[PDB]
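As structure tokens, one chain now follows by itself in the form deposited in one PDB entry.
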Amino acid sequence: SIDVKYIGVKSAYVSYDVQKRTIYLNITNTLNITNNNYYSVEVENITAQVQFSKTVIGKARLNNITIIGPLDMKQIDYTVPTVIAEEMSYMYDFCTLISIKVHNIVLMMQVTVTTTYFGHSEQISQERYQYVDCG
């Protein structure tokens, strides 16, 4: 890829920003831009293109064949008991979190048993992430 940018606050080509408590007086700003961009991206120039997938089974004897794809989960267990017993007591809870299997982003591409792929694949993630804020 081209021009993949994370900018926290502010982006510009030409900036004349003026901040608090300023005396901006008697200024002459002269700007003469010639900014040209020419892109040629993922361009195929092919006379003859042949792409294929072939699966042939002849005079075979197949018996007792097991295929299991990825991400197989079996006999998983989560046990998070919470017991609170109080007797003539004081208790104060502020900003208490019990998190089990919390997900923000899941991107899945070409998760298979068999794949044949011709071409371009991309995954882009940009974020600002903040889980707990309790001030």
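Only residues modelled in both forms are compared. Positions refer to the first chain, counted from 1. Note that the rigid core is defined as the largest set of C-alphas that superpose within 1.5 Å between two forms. What changes on going to the form deposited in another entry:
- Note: rigid core superposed between the two forms; among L107, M88, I100, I33, the CA shift is 2 Å or more only at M88.
- Residue displacement note: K54 has its CA displaced by at least 2 Å between the two forms (rigid core superposed).
- Positional change of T79 between the two forms stays under 2 Å at the C-alpha, relative to the superposed core.
- Mapped along the sequence, displacements between the two forms of 2 angstroms or more at every C-alpha, sustained over at least 3 residues after core alignment, occur at 45-64, 87-92.
For comparison with the form deposited in one PDB entry, would you give the structure of this protein in the form deposited in another entry?
Shown next is a single chain and nothing more.
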């Protein structure tokens, strides 16, 4: 990456800002900007690049061979009983939540078993979070 920017309200190269109840009188503004940007990113010179994978089996006796990749989820139990009993009562539930297995951004990058990788990998995940706003 080069320029990652997070701004809460206002981003401005040149900002002449005037707010309320302002007497803006007799202003003379002169501005010169000479901006140059030069970027040389991911410039690659490879004369040769080799990837080789070889598997040879000969006169072999293989048994019970078991290979399991990543992310092996087994025997998972989620239990949320919710019993509510009334007896001449007064319930005011304005903002209540029951949440299980909640995802916003889930990025997987090259989840495999056997990998031969050459190159560039970039991940950007920038945000703002407001899970609860209950007046």
